[PDB]
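2 protein chains.
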Amino acid sequence: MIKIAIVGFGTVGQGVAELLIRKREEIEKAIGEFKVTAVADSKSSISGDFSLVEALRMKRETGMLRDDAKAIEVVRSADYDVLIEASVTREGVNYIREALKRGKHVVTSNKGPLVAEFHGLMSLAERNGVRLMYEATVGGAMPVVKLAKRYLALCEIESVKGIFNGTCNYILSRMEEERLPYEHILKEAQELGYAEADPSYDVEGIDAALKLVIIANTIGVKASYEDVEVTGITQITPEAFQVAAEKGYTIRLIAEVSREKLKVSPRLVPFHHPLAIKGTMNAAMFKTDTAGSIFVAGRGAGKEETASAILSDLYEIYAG
Amino acid sequence: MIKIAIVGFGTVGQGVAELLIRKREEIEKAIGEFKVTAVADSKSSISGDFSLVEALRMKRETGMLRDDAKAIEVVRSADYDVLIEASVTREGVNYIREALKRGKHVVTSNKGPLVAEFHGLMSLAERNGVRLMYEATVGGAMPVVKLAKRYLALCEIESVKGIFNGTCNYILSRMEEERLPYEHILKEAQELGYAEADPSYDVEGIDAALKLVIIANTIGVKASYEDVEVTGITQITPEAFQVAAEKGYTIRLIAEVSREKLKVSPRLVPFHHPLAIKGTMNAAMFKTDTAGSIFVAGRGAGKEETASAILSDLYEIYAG
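First to last, the sequence lines map onto chains A and A'. A prime marks a further copy of an entry chain. Quick note on numbering: the first sequence equals residues 1 to 90, 95 to 324 in PDB author numbering. Quick note on numbering: the second sequence equals residues 1 to 90, 95 to 324 in PDB author numbering.
Excised from the complex, chain A in its bound form:
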């Protein structure tokens, strides 16, 4: 019996519960029997014997769970084997450290702890006898972490160049097509739900840079946030797309970790290049020494998409 605690029950955490319910037969015939023994949101929790669909109904119906006990108490006291840490940031680091220090596996979708304390957390997991999985932190459903770390393990990954923010990719693709000012394309992005009222985390390249730090570290390049040169998309105009088009280029926000660079910024990309992908998409080009160049593309976010990444990590920990 695999015992799972879910901490964080906004969009992602609820996504994980939906998927665990929907794919229960397939999950169980792959990793064996499982039960979610605790769920916690930002101010309440449910533990003991309860059903996931109960927890889910209650959260949707009331905006909270059943008990007053906070996420930290569930992390330090509940009976579980693996913690799914999908906490709503806007604490996370402490939930991870405390589950790892209890000798529990951790699957997370939070970038913050990994950006602030990457080697400190990987080592803590190693010192205890457990794993810290983080596929959902970068690329959403797109394999990136397991690809860099498991598939390409005995290769020297020399560089990664990619697109790690769907919202900026959408804004730039849309600006390319419509040729309308940034202010207007942003309002569309907001109407569609891609960008919040304060779209800064996306448009100033912060999200992409956080992800770039996680990737840099995953491939063996020690890096902190302050090491990344970050430039957003707010000064890209339709006129920029026009002058670039005339010479065969589109414009994309590209995150790169190489020997020469560690940056997130707009860049000219030839129309038929793999990184010229449009819409709310992610992409990554890995340049290696023995496997050549390896390219991946997919959805970089979404409820079911993020939930999928979390599940791929749970499978990796327990498949046999």
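Treat the hints with care, since some could be wrong.
Because identical chains cannot be distinguished in the list, a pair is counted as satisfied if it fits within a single copy or across any two copies.
Quick list of in silico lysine to any residue cross-link-like pairs, SDA-like style, CA-CA up to 25 Å [said to hold, decoys possible]:
| no. | residue 1 | residue 2 |
| --- | --- | --- |
| 1 | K251 | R183 |
| 2 | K43 | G63 |
| 3 | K70 | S51 |
| 4 | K153 | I21 |
| 5 | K291 | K307 |
Bear in mind the hints are in silico, worked out from the structure with no lab data behind them.
We have chain A; now place chain A' onto it with these hints.
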């Protein structure tokens, strides 16, 4: 001490030895100590204590190895834990079955046994307590098998459409660019070493179809070779590329497994679509239920590239 036998010592097998030598420090600090205890080509072998560089020097210098004992004897009698089966087909099925029946892991690059006896071999591996790895059978260095089978494990992969033959991709890209008859572009392909004197295995779509069968089966679609509708590229002319270009399309040999189809044939692909990739490349688009659409592209063949795939499988069996 992990004991490896290598069977098949043409281009691929020699590639595996080169990589095992070149990446020895990194491999050992990832999976522990290893020694190759036997190597066999199509008519000779070397076993006991010998060095890999000895085996390699001898093969290059003389065209063969040291002992008269054939691959089958090394498979049924040599002391090894994992068999790397890279045999030069133009026997393989028997080397796999006999290593699995001895309770040995098997990593292969041969398509034939998997196409003829997929479920029979997976079950034999399961009945004994071992693994049959086959990343190198399709996509070369490009993750395809571990992607379909490990990353996308708890997803329902609804379809795979890809490009699984670099030579046809090259011939079509080259024909698109130069606009010269098939006979001429094939001669270039031959001069470059991409196609043999008899290029049929490539140009008639046989290679791509074998690979399509492996993939279909990997994703849960029971399929035999006779189930695939196979059409090659020998009747694609420059004029076809011209009429397609006028409407935004290029032409590619696409392998597809879906609910509606199981085929390999030429197909119109929009210029800016991910499967419009040019050169000797591979590519695959996985359409799933929970992770959206996932795309991968890379080198589909080569000595170091195939060797890499084999190593990624060895890592998967023994990383901890």
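Please write out, lowest number first, the hints stated earlier that are contradicted by the structure. none
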